[PDB]
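One letter stands for each residue in the lines below.
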Amino acid sequence: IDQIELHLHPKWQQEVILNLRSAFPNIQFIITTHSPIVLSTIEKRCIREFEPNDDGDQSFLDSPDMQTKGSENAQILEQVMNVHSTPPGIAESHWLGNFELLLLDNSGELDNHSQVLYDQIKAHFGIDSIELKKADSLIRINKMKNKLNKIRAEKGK
Amino acid sequence: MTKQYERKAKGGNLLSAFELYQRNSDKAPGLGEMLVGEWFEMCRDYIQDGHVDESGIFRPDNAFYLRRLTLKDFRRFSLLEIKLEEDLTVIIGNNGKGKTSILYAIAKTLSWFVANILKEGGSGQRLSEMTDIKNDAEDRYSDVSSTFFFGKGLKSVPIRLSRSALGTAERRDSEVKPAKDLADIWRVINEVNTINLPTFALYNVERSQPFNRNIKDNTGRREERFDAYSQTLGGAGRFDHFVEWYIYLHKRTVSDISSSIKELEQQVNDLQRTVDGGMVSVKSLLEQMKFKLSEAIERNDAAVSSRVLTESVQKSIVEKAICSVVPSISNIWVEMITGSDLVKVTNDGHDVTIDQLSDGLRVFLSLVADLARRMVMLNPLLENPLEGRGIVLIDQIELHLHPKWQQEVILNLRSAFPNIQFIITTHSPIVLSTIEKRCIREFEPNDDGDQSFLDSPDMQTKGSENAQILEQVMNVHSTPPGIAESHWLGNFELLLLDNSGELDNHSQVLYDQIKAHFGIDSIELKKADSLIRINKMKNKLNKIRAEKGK
Amino acid sequence: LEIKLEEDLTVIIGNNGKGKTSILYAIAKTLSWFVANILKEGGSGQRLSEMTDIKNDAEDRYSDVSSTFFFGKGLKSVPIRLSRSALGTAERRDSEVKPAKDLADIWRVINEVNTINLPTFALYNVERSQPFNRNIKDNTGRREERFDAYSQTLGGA
Numbered sequence: 394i395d396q397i398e399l400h401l402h403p404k405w406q407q408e409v410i411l412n413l414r415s416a417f418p419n420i421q422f423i424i425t426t427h428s429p430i431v432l433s434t435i436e437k438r439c440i441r442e443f444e445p446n447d448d449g450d451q452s453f454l455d456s457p458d459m460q461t462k463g464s465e466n467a468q469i470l471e472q473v474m475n476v477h478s479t480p481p482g483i484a485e486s487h488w489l490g491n492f493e494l495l496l497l498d499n500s501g502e503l504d505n506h507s508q509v510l511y512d513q514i515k516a517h518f519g520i521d522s523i524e525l526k527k528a529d530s531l532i533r534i535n536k537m538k539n540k541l542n543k544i545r546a547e548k549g550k
Numbered sequence: 001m002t003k004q005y006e007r008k009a010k011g012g013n014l015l016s017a018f019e020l021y022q023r024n025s026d027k028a029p030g031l032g033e034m035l036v037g038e039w040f041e042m043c044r045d046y047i048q049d050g051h052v053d054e055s056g057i058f059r060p061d062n063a064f065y066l067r068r069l070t071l072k073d074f075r076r077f078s079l080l081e082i083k084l085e086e087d088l089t090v091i092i093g094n095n096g097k098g099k100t101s102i103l104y105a106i107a108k109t110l111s112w113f114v115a116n117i118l119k120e121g122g123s124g125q126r127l128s129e130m131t132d133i134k135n136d137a138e139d140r141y142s143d144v145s146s147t148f149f150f151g152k153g154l155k156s157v158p159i160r161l162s163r164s165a166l167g168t169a170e171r172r173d174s175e176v177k178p179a180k181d182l183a184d185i186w187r188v189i190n191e192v193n194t195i196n197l198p199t200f201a202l203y204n205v206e207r208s209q210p211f212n213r214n215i216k217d218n219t220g221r222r223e224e225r226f227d228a229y230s231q232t233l234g235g236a237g238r239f240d241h242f243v244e245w246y247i248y249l250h251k252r253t254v255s256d257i258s259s260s261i262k263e264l265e266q267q268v269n270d271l272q273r274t275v276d277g278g279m280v281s282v283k284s285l286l287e288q289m290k291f292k293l294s295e296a297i298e299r300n301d302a303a304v305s306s307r308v309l310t311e312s313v314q315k316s317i318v319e320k321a322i323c324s325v326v327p328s329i330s331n332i333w334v335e336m337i338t339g340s341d342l343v344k345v346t347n348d349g350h351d352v353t354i355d356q357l358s359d360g361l362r363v364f365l366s367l368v369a370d371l372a373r374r375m376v377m378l379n380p381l382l383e384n385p386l387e388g389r390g391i392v393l394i395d396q397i398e399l400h401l402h403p404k405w406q407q408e409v410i411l412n413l414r415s416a417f418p419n420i421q422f423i424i425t426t427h428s429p430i431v432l433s434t435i436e437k438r439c440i441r442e443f444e445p446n447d448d449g450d451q452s453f454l455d456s457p458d459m460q461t462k463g464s465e466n467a468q469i470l471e472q473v474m475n476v477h478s479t480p481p482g483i484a485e486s487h488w489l490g491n492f493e494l495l496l497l498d499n500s501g502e503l504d505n506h507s508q509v510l511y512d513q514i515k516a517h518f519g520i521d522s523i524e525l526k527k528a529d530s531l532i533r534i535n536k537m538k539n540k541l542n543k544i545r546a547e548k549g550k
Numbered sequence: 080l081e082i083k084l085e086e087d088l089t090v091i092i093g094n095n096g097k098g099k100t101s102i103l104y105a106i107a108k109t110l111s112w113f114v115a116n117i118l119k120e121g122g123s124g125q126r127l128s129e130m131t132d133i134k135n136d137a138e139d140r141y142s143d144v145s146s147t148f149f150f151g152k153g154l155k156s157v158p159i160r161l162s163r164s165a166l167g168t169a170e171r172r173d174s175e176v177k178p179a180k181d182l183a184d185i186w187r188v189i190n191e192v193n194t195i196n197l198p199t200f201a202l203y204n205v206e207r208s209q210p211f212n213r214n215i216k217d218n219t220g221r222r223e224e225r226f227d228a229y230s231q232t233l234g235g236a
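Protein chains in written order, with the UniProt record's numbering: chain A, 394 to 550; chain B, 1 to 550; chain C, 80 to 236.
These are calculated hints, taken from the structure and not from any lab test.
Treat the hints with caution; some may be incorrect.
[Stated by the list, open to error] Derived Cβ-Cβ restraints for the label pairs, each shown as a range:
hint	chain 1	residue 1	chain 2	residue 2	range
1	B	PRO445	A	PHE422	27 to 33 Å
2	A	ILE523	B	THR219	56 to 62 Å
3	C	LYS155	A	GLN451	24 to 30 Å
4	C	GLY122	B	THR338	55 to 61 Å
5	B	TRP333	A	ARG533	47 to 53 Å
6	A	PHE453	B	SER452	54 to 60 Å
7	C	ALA201	A	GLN451	27 to 33 Å
8	B	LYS540	A	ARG533	20 to 26 Å
Don't be surprised by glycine CBs; every beta carbon is placed ideally from N, CA and C.
Could you put together the complete structure from these sequences and hints?
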């Protein structure tokens, strides 16, 4: 079967391999795919991984180092398929990294540009977004660590 | 009669000026030439007028796009309305939800535009009665409605396509008169003084076709401007027409007029100097040669006289589109060394022909190549023909593409084709991670066709990650439910939560089994260690609180 | 390239232009000999083409596809080699398919003496997802014939 995930929603990719291997238990299936959701139902020993930087001169075709059966699809996408979970072509992806870099570039406290970009993150992702949740957790951790560093360096002289 | 028509034409409406143009076209020439000329020139300024922005991209002042679609008793839908976006609209949902059906309805609507641009009083495609009518529908007829927008002059272009059942004996009619009027003004201003026409293209999932190199019967002329409307809304792109057109561009960067002129004339003159005594027994070949020379001295005069872009800059613009959108390809050419004129592409490294490509780097190549070809033929008066108006319907844009290249397919398409309104359907969260929430029209999973409004998701998908988009927008879990190994972290969470937080025998053997299945460098084992130490931290804080007070 | 396919399920992953379709196509060309010699005595399966199968940078101008099958402890190795030389070359390379001929001849002979269960070889390429028309019904082959089950079982859809 070449590209078993053809035209299938990622809800029927979670069970296509299990259904096929339960109905046809003695057929040897040899299958190609581009989907971490299909790979999440397949053992690591059943996977033959092509390296991204090969020229066709490799003498073997090997399994990954990560057990994919039962793993998260984002973890399989990052590790097995060598693909970012969050896209690098979108400038809105690196906003949280630039935000925490700006927080460390300050004294750990919020200033004008970091507050503007945090409001940008707020108005982009929304109230219940986990990007905002990680952003406010970063604010809490760095802002309280400022007072920790101050109270430890007061007695250090 | 025309006293308020002149004011309506001066106010920024082109239909009234078109009516005065049509009334004064068959009037007395000479003295009446100036008024019909200035109203025609006003219509041409309204169509052609636009400006480059600060980004260097041509933006027309009067854009053309579909803005609202209504399906009544059409296929699985009872009554549904979609407010489509100006630039990108993504339709997502489960299998058998109706996303290939919305694109089919929009293609049936745009077929009338294509047909009435092509021919005066042409008839486009219409709805079927065996499939398009809703089963167990009490009305026994279906219709689709579109409300196209063509600037401030035409705020609404209402088109209805109706069809009754196979034997219900009704005469439901399609309202295609504003489509007729808009395509008729496009055709008449084009034939008087050529204008940049809009493109319409449908790329259904039956563009995954085996490539046959020759298959060359292809009835029609591949250089004529109204060949970009030939089989455009029919599923597969005409990649065979593209490769013949590209071969003709390669052999028209000097070496085809050479063939039509020099060798044909020299064969004809050799026969003419042979037959100076007459003698039909070799004069038989000569009349065939002279007729072939006449046939090739046609199909060239229009190519020189009706030429706005030169025949090499079209090739350069098409190559720029290919190597800008399609990721692995970096150069594309035609080589004639063999004598079969074969097109070759450059992957990462090696130079291979089009037969030896993949089936996801060739299908996407055929899509981009056909769309760039149709825009180059249909938009000759621009410095970049890909900054042209149109509507393109792509069905499952993420077809046969690796998730590395689904992260940039939409960005490349919307960066190379800025003025196309794309109306796509996807099945992948990698593609939706690069698309804003307002461009997404989802179907709920608990849907049976009675809904009347497709709405955006509640979370922003642009810049979000695959796990969160897949769990909240696709509404499917990251860990698969069918794999019993995927519930072990949750079971470990419950067998820690019910106890105080110390590892008992069952929690210890579950930790050992999680470690043995996943490994030592796994997110599941790291998360289990984090839960163990935060529950020990909870117990330590509770013991310190109990020692402090009671 | 050397592949160590699993007994039950094997999944081949990688980018586009890595050769997974080529691997499945090579296996289908190998299994066509088994299918054709199950149907007809002295039959011939498909063979590698001269235009696409040979590498464009091959210095030897021939291509080999060497498969090794397993049929129990009694017959542990069934070798089969599909070889093809380049077009316009005086040197010609033959294919050694004799163990495949022997095994499929055995299957056909035992079947025609006393009816046995036959293995199911199938390829499901991207060549599927063609549109369905109910009106195409006229065909030759008598669909209820058991050996009609091998009718176009490989080659795509």
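Evaluation of the provided hints:
1. Taken as a hint, the range 27 to 33 Å holds for the pair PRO445 (chain B) and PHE422 (chain A), whose Cβ atoms sit roughly 29 Å apart.
2. Distance hint for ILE523 (chain A) and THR219 (chain B): a CB-CB separation of about 58 Å, consistent with the stated range 56 to 62 Å.
3. Checked against the given bound of 24 to 30 Å, the beta carbons of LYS155 (chain C) and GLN451 (chain A), roughly 27 Å apart, stay inside it.
4. In this structure the supplied range 55 to 61 Å is violated for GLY122 (chain C) paired with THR338 (chain B), their Cβ-Cβ distance being about 35 Å.
5. About 59 Å separates the C-beta atoms of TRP333 (chain B) and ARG533 (chain A), a value inconsistent with the hinted range of 47 to 53 Å.
6. Range check, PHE453 (chain A) to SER452 (chain B): Cβ separation about 57 Å, and the 54 to 60 Å hint holds.
7. The supplied range of 27 to 33 Å is met by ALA201 (chain C) and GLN451 (chain A), whose beta-carbon atoms lie about 29 Å from each other.
8. For the pair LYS540 (chain B) and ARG533 (chain A), the beta carbons lie near 21 Å from each other, so the given range of 20 to 26 Å is met.
Of the numbered hints given earlier, the model fails hints 4 and 5; all others are met.
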